[PDB]
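The form deposited without the named molecule is given below as one chain in structure tokens.
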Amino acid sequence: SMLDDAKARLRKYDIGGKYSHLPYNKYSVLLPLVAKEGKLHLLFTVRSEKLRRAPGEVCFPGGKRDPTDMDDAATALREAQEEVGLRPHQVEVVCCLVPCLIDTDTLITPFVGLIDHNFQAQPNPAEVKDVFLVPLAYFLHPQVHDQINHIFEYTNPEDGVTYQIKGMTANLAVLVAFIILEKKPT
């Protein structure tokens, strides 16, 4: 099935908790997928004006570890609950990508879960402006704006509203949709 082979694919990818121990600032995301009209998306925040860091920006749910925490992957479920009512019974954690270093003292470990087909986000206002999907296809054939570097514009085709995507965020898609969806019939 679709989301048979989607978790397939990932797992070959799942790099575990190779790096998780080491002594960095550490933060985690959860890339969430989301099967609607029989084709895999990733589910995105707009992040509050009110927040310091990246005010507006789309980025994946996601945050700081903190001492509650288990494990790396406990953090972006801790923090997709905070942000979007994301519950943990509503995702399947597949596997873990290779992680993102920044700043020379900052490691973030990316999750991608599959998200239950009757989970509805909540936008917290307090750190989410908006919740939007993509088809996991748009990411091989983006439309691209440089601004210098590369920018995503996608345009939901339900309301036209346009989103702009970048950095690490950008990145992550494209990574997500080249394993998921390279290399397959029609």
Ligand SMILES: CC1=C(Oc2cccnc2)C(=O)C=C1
Contents of the next structure:
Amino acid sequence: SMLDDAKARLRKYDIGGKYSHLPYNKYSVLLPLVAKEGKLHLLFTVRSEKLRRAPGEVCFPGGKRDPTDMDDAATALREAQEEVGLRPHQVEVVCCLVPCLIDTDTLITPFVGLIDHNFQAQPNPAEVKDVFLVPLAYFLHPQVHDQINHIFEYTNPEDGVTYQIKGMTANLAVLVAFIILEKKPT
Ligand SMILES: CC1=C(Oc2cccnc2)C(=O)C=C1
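Can you give me the structure for the form deposited with the named molecule bound, which would complement the form deposited without the named molecule we have just seen?
Now the complete complex, all chains and molecules, led by this one.
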């Protein structure tokens, strides 16, 4: 099936707990995979205009590890629940991808999660202004704009709204798209 095929490709890139104990300032992100109308999509958030770190930007659900978290995957699931109301029975965490190093003292660990078909996002307005889906295949032929820095523009055909996706978030999307969609019969 489409979903079994996805998890099997994703598992070949799992680095597991290899880098998880290093003494960094630690953040996790959830890369939420949704199946809709026969195809895979990623779920994104637009950050509230109120936040100190990066108001108004497109990002994956996530945030800073705290003393309650049993492990880095727990940080990502705690944070997704708080931002968009995703409960634990509604997500299967399939792997841990390569972590992202920033600012000399920070390590961001990405987890890929398969989302239940009956999940419906409840955006928390203190943290997220909007939630939207993008088909995974878009990231193989994106509409690119240069600000030199590469920016993706995605227009939702449901309503004509344009979102800008850039930086680490855009890098991770392309990575997931490659892993899952490369080399497939049609
Ligand atoms: C994650 C998920 C879907 O997408 C969305 C999009 C926006 C808000 N909530 C859910 C869906 O249709 C089935 C599970």
